[PDB]
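A.B. asks: The primary structure of each chain is shown beneath.
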Amino acid sequence: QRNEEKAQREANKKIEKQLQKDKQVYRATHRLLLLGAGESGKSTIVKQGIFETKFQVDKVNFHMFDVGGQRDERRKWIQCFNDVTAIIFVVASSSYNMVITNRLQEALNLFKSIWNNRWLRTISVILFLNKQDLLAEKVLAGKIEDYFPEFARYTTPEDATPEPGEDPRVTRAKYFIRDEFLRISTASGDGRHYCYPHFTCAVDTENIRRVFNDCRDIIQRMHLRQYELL
Amino acid sequence: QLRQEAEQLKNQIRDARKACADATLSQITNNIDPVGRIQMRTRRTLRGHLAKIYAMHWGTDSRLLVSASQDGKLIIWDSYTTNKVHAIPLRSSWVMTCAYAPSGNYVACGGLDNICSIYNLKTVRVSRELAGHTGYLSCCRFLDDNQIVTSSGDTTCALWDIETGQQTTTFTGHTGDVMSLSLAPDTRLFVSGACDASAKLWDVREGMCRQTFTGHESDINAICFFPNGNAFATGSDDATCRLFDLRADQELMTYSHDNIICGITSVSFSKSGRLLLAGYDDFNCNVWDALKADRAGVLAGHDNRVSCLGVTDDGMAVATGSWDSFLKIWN
Amino acid sequence: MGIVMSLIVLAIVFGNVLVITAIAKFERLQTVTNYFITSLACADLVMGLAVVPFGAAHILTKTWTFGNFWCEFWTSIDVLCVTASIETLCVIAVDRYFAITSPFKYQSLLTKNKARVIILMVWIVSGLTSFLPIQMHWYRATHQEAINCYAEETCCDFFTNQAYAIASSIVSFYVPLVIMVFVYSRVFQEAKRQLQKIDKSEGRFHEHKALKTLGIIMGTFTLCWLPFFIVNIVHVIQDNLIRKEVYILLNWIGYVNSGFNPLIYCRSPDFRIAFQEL
Amino acid sequence: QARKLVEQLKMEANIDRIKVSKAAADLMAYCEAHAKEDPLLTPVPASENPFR
Ligand SMILES: Nc1nc2c(ncn2[C@@H]2O[C@H](COP(=O)(O)OP(=O)(O)OP(=O)(O)O)[C@@H](O)[C@H]2O)c(=O)[nH]1
Ligand SMILES: CN[C@@H]1CCc2c(ccc(O)c2O)[C@H]1O
Numbered sequence: 012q013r014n015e016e017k018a019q020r021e022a023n024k025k026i027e028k029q030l031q032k033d034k035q036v037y038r039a040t041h042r043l044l045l046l047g048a049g050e051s052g053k054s055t056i057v058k059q206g207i208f209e210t211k212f213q214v215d216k217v218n219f220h221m222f223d224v225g226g227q228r229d230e231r232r233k234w235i236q237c238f239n240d241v242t243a244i245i246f247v248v249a250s251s252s253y254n255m256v257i263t264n265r266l267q268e269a270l271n272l273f274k275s276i277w278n279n280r281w282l283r284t285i286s287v288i289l290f291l292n293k294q295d296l297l298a299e300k301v302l303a304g307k308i309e310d311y312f313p314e315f316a317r318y319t320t321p322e323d324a325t326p327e328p329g330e331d332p333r334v335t336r337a338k339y340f341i342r343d344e345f346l347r348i349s350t351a352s353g354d355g356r357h358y359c360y361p362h363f364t365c366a367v368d369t370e371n372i373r374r375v376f377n378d379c380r381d382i383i384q385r386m387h388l389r390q391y392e393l394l
Numbered sequence: 006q007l008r009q010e011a012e013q014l015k016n017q018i019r020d021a022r023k024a025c026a027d028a029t030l031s032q033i034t035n036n037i038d039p040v041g042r043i044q045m046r047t048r049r050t051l052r053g054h055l056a057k058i059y060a061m062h063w064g065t066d067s068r069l070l071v072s073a074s075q076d077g078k079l080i081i082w083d084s085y086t087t088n089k090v091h092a093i094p095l096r097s098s099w100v101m102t103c104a105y106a107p108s109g110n111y112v113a114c115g116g117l118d119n120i121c122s123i124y125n126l127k128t133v134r135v136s137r138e139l140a141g142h143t144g145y146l147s148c149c150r151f152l153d154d155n156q157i158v159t160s161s162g163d164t165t166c167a168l169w170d171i172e173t174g175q176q177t178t179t180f181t182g183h184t185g186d187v188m189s190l191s192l193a194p195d196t197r198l199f200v201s202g203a204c205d206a207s208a209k210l211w212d213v214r215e216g217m218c219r220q221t222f223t224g225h226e227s228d229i230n231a232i233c234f235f236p237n238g239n240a241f242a243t244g245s246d247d248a249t250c251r252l253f254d255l256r257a258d259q260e261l262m263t264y265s266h267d268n269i270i271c272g273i274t275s276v277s278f279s280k281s282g283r284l285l286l287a288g289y290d291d292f293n294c295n296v297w298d299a300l301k302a303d304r305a306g307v308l309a310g311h312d313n314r315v316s317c318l319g320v321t322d323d324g325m326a327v328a329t330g331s332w333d334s335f336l337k338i339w340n
Numbered sequence: 036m037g038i039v040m041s042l043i044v045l046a047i048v049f050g051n052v053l054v055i056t057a058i059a060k061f062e063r064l065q066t067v068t069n070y071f072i073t074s075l076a077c078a079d080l081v082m083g084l085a086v087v088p089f090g091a092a093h094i095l096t097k098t099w100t101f102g103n104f105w106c107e108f109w110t111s112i113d114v115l116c117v118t119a120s121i122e123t124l125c126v127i128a129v130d131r132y133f134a135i136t137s138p139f140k141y142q143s144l145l146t147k148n149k150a151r152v153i154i155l156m157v158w159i160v161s162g163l164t165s166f167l168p169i170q171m172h173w174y175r176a177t178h179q180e181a182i183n184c185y186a187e188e189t190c191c192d193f194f195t196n197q198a199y200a201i202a203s204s205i206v207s208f209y210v211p212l213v214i215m216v217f218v219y220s221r222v223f224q225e226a227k228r229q230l231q232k233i234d235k236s237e238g239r240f241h268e269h270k271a272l273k274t275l276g277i278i279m280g281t282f283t284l285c286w287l288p289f290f291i292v293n294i295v296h297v298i299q300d301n302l303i304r305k306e307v308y309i310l311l312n313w314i315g316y317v318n319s320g321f322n323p324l325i326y327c328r329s330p331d332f333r334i335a336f337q338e339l
Numbered sequence: 011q012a013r014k015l016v017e018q019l020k021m022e023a024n025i026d027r028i029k030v031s032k033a034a035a036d037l038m039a040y041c042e043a044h045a046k047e048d049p050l051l052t053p054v055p056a057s058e059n060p061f062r
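Each protein sequence line maps, in turn, to chains A, B, R and G.
Here the first sequence stands for residues 12 to 59, 206 to 257, 263 to 304, 307 to 394, where the numbers follow PDB author numbering.
Here the second sequence stands for residues 6 to 128, 133 to 340, where the numbers follow PDB author numbering.
Here the third sequence stands for residues 36 to 241, 268 to 339, where the numbers follow PDB author numbering.
Following PDB author numbering, the numbering of the fourth sequence begins with 11 at its first residue and continues without gaps.
Where hints are given, some of them may not hold.
If you want the footprint, here are the derived chain G segments under chain B, 3+ residues with CB under 8 Å [as the list claims (entries may be wrong)]:
{"no.": "1", "stretch": "11-20"}
{"no.": "2", "stretch": "23-32"}
{"no.": "3", "stretch": "36-44"}
Label-pair restraints from in silico Cβ distances [said to hold, decoys possible]:
{"no.": "4", "chain 1": "G", "residue 1": "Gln11", "chain 2": "B", "residue 2": "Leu192", "range": "49 to 59 Å"}
{"no.": "5", "chain 1": "G", "residue 1": "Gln11", "chain 2": "A", "residue 2": "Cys365", "range": "22 to 32 Å"}
{"no.": "6", "chain 1": "A", "residue 1": "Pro321", "chain 2": "R", "residue 2": "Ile294", "range": "52 to 62 Å"}
{"no.": "7", "chain 1": "B", "residue 1": "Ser108", "chain 2": "R", "residue 2": "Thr56", "range": "31 to 41 Å"}
{"no.": "8", "chain 1": "R", "residue 1": "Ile294", "chain 2": "A", "residue 2": "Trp281", "range": "28 to 38 Å"}
{"no.": "9", "chain 1": "G", "residue 1": "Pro60", "chain 2": "A", "residue 2": "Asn14", "range": "16 to 26 Å"}
Capping the alpha-carbon separation at 20 Å, the derived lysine to any residue pairs in SDA-like fashion look like this [as the list claims (entries may be wrong)]:
{"no.": "10", "chain 1": "G", "residue 1": "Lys32", "chain 2": "B", "residue 2": "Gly238"}
{"no.": "11", "chain 1": "G", "residue 1": "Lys20", "chain 2": "B", "residue 2": "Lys89"}
{"no.": "12", "chain 1": "G", "residue 1": "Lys14", "chain 2": "B", "residue 2": "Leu95"}
{"no.": "13", "chain 1": "R", "residue 1": "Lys273", "chain 2": "A", "residue 2": "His387"}
{"no.": "14", "chain 1": "B", "residue 1": "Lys23", "chain 2": "G", "residue 2": "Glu22"}
{"no.": "15", "chain 1": "B", "residue 1": "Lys89", "chain 2": "A", "residue 2": "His387"}
{"no.": "16", "chain 1": "B", "residue 1": "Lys89", "chain 2": "A", "residue 2": "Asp354"}
{"no.": "17", "chain 1": "A", "residue 1": "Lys34", "chain 2": "R", "residue 2": "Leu155"}
{"no.": "18", "chain 1": "A", "residue 1": "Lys34", "chain 2": "B", "residue 2": "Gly238"}
{"no.": "19", "chain 1": "A", "residue 1": "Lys34", "chain 2": "R", "residue 2": "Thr66"}
{"no.": "20", "chain 1": "A", "residue 1": "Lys25", "chain 2": "B", "residue 2": "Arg197"}
{"no.": "21", "chain 1": "G", "residue 1": "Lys20", "chain 2": "B", "residue 2": "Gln6"}
{"no.": "22", "chain 1": "G", "residue 1": "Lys32", "chain 2": "B", "residue 2": "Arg256"}
{"no.": "23", "chain 1": "B", "residue 1": "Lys301", "chain 2": "B", "residue 2": "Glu260"}
{"no.": "24", "chain 1": "A", "residue 1": "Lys233", "chain 2": "B", "residue 2": "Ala206"}
{"no.": "25", "chain 1": "A", "residue 1": "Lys233", "chain 2": "B", "residue 2": "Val133"}
{"no.": "26", "chain 1": "R", "residue 1": "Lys97", "chain 2": "R", "residue 2": "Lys270"}
{"no.": "27", "chain 1": "A", "residue 1": "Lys25", "chain 2": "B", "residue 2": "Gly41"}
{"no.": "28", "chain 1": "B", "residue 1": "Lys23", "chain 2": "G", "residue 2": "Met21"}
{"no.": "29", "chain 1": "B", "residue 1": "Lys280", "chain 2": "G", "residue 2": "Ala35"}
{"no.": "30", "chain 1": "A", "residue 1": "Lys25", "chain 2": "B", "residue 2": "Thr86"}
{"no.": "31", "chain 1": "R", "residue 1": "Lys270", "chain 2": "A", "residue 2": "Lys233"}
{"no.": "32", "chain 1": "B", "residue 1": "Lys301", "chain 2": "G", "residue 2": "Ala45"}
{"no.": "33", "chain 1": "B", "residue 1": "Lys23", "chain 2": "G", "residue 2": "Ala35"}
{"no.": "34", "chain 1": "R", "residue 1": "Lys140", "chain 2": "A", "residue 2": "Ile382"}
{"no.": "35", "chain 1": "B", "residue 1": "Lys127", "chain 2": "A", "residue 2": "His387"}
{"no.": "36", "chain 1": "B", "residue 1": "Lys57", "chain 2": "A", "residue 2": "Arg42"}
{"no.": "37", "chain 1": "R", "residue 1": "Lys140", "chain 2": "A", "residue 2": "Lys233"}
{"no.": "38", "chain 1": "A", "residue 1": "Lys216", "chain 2": "R", "residue 2": "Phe104"}
{"no.": "39", "chain 1": "B", "residue 1": "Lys57", "chain 2": "A", "residue 2": "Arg389"}
{"no.": "40", "chain 1": "R", "residue 1": "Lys140", "chain 2": "A", "residue 2": "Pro332"}
Simulated from the structure, these hints should not be mistaken for lab results.
Quick reminder that beta carbons are idealized off the backbone N, C-alpha and C, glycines included.
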């Protein structure tokens with residue numbers, strides 16, 4: 012009777028001591044969700206059931222999640238990832254002609275569905291526009309207008325950043341493709357979350373510094389908005 | 006050809022059960038005196054989880070219960086003295102369900118890894138891992154000490170043999186993801202609610218569907234039998250709860266209000282079946298009168314949405330969990 | 036003057052009690068940042084409860100009747116409450132600085148035990164500069180008028196030396212002022228940099270807020286506490302230039318600042334819904 | 011799966027079902043009989059309440 016209560020309290024204190032240790036690790040780790048649209052090269056990005210990976214840069218722990226065990230058009234499980242730091246979206250920008263409703267429009271529809279979600283209403287998205295080299299190759303080779313009629317009246321932005329030795333056609337193509345996502349991102353945003361688009365290729369090696377900087381910007385903007393300074 | 010006969014068969018079923026509706030449930034129960042106002046107050050508050058809570062299950066002794074959370078823990082509480090008994094760390098941090106054995110010697114778990122894990126409490134280490142589902146697990150209940158039934162997101166349910174780790178039988182027939190299940194008091198039949206706005210009645214011994222109920226219009230999130238065993242209640246994300254009768258093969262009453270527009274996460278009955286407790290996405294729970302479809306009480310002491318709910322076997326307390334990493338006991 | 040003085044007391048007490056009871060009653064406001072706000076609210080509540088009514092009675096009756104010991108006790112409580120309230124704003128500014136400038140290490144840097152230690156240290160330093168140098172008679176002036184004031188039983192006025200009037204003023208005001216200025220300049224710089232970064236990326240598809274917020278925060282505090290801490294040094298450096306009425310008026314203007322902190326640091330939507338629930 | 015769907019409908023449609031009045035009466039009788047031992051309906055005294 013009297014000894015039973017003492018034994019119960021001894022085990023509870025030991026358990027609570029360990030729970031304090033695990034709280035430090037949980038609060039210092041950043042969770043990321045990786046998404047893709049079919050054949051998009053997202054496996055190459057992570058190369059260099207559910208699958209989890211661990212990596213660390215500048216003594217900061219990141220932990221990425223890739224879902225491949227569930228394949229459906231209704232993502233009922235997506236409400237679990239409402240506390241992640243950011244979402245990584247990988248799309249192949251060079252698949253406008255491929256129909257196997264072409265792939266680019268389906269990716270745009272998926273992005274629109276994800277952005278306007280009741281649970282993911284405060285989560286930012288890091289956008290990777292993969293496969294740039296072969297996109298430029300097929301653009302140089304002898307038409308986006310045959311699939312995207314709005315391209316017939318597009319002009320390259322004045323405040324653009326063309327790469328060195330770049331034909332002004334491929335730059336217009338990339339900026340058109342990026343603005344397609346950017347207009348959806350800015351159409352229904354109230355400052356609670358933003359989008360960070362990047363142009364990516366296979367030979368890129370600085371894809372982790374980009375994620376680090378984008379997460380830093382996300383957290384800093386969150387704090388600035390919280391303290392009524394933004 | 007084949008599709009033509011399907012429409013004819015579905016037509017007579019509607020006509021067969023249309024002639025059986027002699028009167029409504031509410032018409033019979035107009036003379037019953039109302040239950041009146043019901044007020045409940047929080048007795049205990051359990052703290053220690055680092056993240057939101059998705060699952061909860063009471064014990065057969067009505068003293069201990071288990072809970073699951075996204076941080077990767079499986080904590081067993083002591084509701085009387087508020088003392089943690091066990092803390093099982095999980096290999097996978099994504100957990101969607103948990104169960105407590107009737108004997109009290111084992112606890113099950115599962116989630117986004119498509120695996121069900123059984124733990125040994127009286128030895133704590135993993136005792137068995139069940140594999141074969143191609144979708145995320147949604148629920149699991151213990152039939153006995155050696156067999157267990159599970160539902161997953163691949164539109165199928167299975168009955169497992171824990172000793173050998175092999176599926177004894179598989180239940181097919183749904184089109185969308187299966188979200189919940191519940192066992193009968195005699196452990197011979199069970200019901201399942203899926204995302205195609207339908208509920209089915211299965212036979213554990215035989216392995217084939219008996220009846221189908223399609224009164225809803227949205228994803229069904231929860232399901233629970235009447236204590237008698239001849240009726241059950243469902244809850245969808247269109248702010249409606251419905252009562253279905255097995256022997257009448259049709260629904261009897263609906264529970265809805267014009268001031269409620271959120272979804273429903275969980276449902277449960279009381280000891281006598283007079284009350285129906287349902288959790289909502291609007292941060293609080295509601296208490297209904299089963300035979301009248303009118304509200305009788307509100308439990309509004311949670312900061313974020315309620316995800317789970319349960320009632321003790323003796324019917325002495327009600328436990329609710331939410332996404333603010335808190336558990337509360339209402340008496 | 037009685038009506039205005041009574042209204043000021045009610046405003047200070049009513050606002051501070053509401054903030055304290057809101058944090059304790061609700062479990063969603065238990066935050067490391069809110070502990071500093073709780074300490075500040077307690078400081079201003081004690082100020083409004085103790086210092087102001089007795090000063091008002093002394094001004095209205097033109098005499099002191101409680102004795103030669105309660106006068107010193109009242110002066111000590113005055114200095115203790117004034118010093119501890121200003122030093123908490125510095126802690127809040129440093130907290131925001133660490134939150135914004137170093138976002139990855141903010142969780143590791145600040146812990147509840149660390150917050151408690153910081154609060155206790157602030158209160159100890161505040162109490163070590165008010166009760167100790169006053170109850171030990173280390174601040175007393177030496178001129179004849181001060182001697183007569185100390186000897187008199189019904190007279191309770193403030194006379195101090197050069198050393199105390201310099202050290203107490205410096206500790207209470209001058210270091211926190213420069214620390215807050217340095218913190219908030221960098222906070223504004225970071226906010227402006229992020230605002231400029233947002234426009235290049237998606238500017239064609241669409268710093269007043271930060272300027273207004275920082276202006277309010279710094280302006281209310283400076284305009285409330287600067288003239289008094291200037292005349293405190295000036296009236297000791299040079300004699301017969303500030304009348305006692307100016308000193309009392311500026312001190313009371315400084316006292317008024319205790320009633321504005323709930324309006325500034327408790328405008329969050331969570332605080333608004335907490336007040337609505339109560 | 012065209013043939014399987016029709017076969018299930020035929021098996022399910024050939025069942026004997028009772029009228030709604032009998033089921034409602036049975037539910038009402040069960041509730042009325044077992045409502046005595048329902049601690050949630052009528053609060054129990056604090057002497058016999060383990061949670062208070
Ligand atoms: N030229 C070029 N080829 C690429 C690039 N990324 C992927 N590929 C090719 O596409 C193939 C697919 O690569 P994976 O890493 O498996 O990507 P994935 O299979 O499409 O990823 P998922 O379909 O989402 O599973 C690879 O074998 C590469 O040869 C790229 O950036 N540039
Ligand atoms: C009589 N009023 C006192 C006088 C001097 C003084 C005050 C407050 C803080 C200080 O550091 C001081 O040195 C005033 O409240």
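A.B. asks: Indicate, hint by hint, whether the structure satisfies it.
C.D. replies: Hint-by-hint comparison with the structure:
no. : hint                            : result
1   : 11-20                           : holds (count 7)
2   : 23-32                           : holds (count 8)
3   : 36-44                           : holds (count 6)
4   : G:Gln11 - B:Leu192: 49 to 59 Å  : violated, 29 Å
5   : G:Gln11 - A:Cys365: 22 to 32 Å  : violated, 45 Å
6   : A:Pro321 - R:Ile294: 52 to 62 Å : holds, 59 Å
7   : B:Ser108 - R:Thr56: 31 to 41 Å  : violated, 49 Å
8   : R:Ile294 - A:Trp281: 28 to 38 Å : violated, 59 Å
9   : G:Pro60 - A:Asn14: 16 to 26 Å   : holds, 21 Å
10  : G:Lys32 - B:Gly238              : holds, 15 Å
11  : G:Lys20 - B:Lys89               : violated, 54 Å
12  : G:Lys14 - B:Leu95               : violated, 41 Å
13  : R:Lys273 - A:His387             : holds, 17 Å
14  : B:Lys23 - G:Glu22               : holds, 16 Å
15  : B:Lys89 - A:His387              : violated, 35 Å
16  : B:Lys89 - A:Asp354              : violated, 43 Å
17  : A:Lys34 - R:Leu155              : violated, 25 Å
18  : A:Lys34 - B:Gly238              : violated, 44 Å
19  : A:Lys34 - R:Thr66               : holds, 16 Å
20  : A:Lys25 - B:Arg197              : violated, 43 Å
21  : G:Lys20 - B:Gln6                : holds, 16 Å
22  : G:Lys32 - B:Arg256              : holds, 9 Å
23  : B:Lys301 - B:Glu260             : holds, 14 Å
24  : A:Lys233 - B:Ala206             : holds, 14 Å
25  : A:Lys233 - B:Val133             : violated, 33 Å
26  : R:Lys97 - R:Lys270              : violated, 47 Å
27  : A:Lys25 - B:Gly41               : violated, 46 Å
28  : B:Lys23 - G:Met21               : holds, 19 Å
29  : B:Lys280 - G:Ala35              : holds, 19 Å
30  : A:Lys25 - B:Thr86               : holds, 16 Å
31  : R:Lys270 - A:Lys233             : violated, 39 Å
32  : B:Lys301 - G:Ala45              : holds, 15 Å
33  : B:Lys23 - G:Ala35               : holds, 19 Å
34  : R:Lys140 - A:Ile382             : holds, 15 Å
35  : B:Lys127 - A:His387             : violated, 48 Å
36  : B:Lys57 - A:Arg42               : holds, 15 Å
37  : R:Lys140 - A:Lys233             : violated, 34 Å
38  : A:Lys216 - R:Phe104             : violated, 59 Å
39  : B:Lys57 - A:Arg389              : violated, 25 Å
40  : R:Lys140 - A:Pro332             : violated, 44 Å
Hints 4, 5, 7, 8, 11, 12, 15, 16, 17, 18, 20, 25, 26, 27, 31, 35, 37, 38, 39, 40, counting from the list given before, are not met by this structure.
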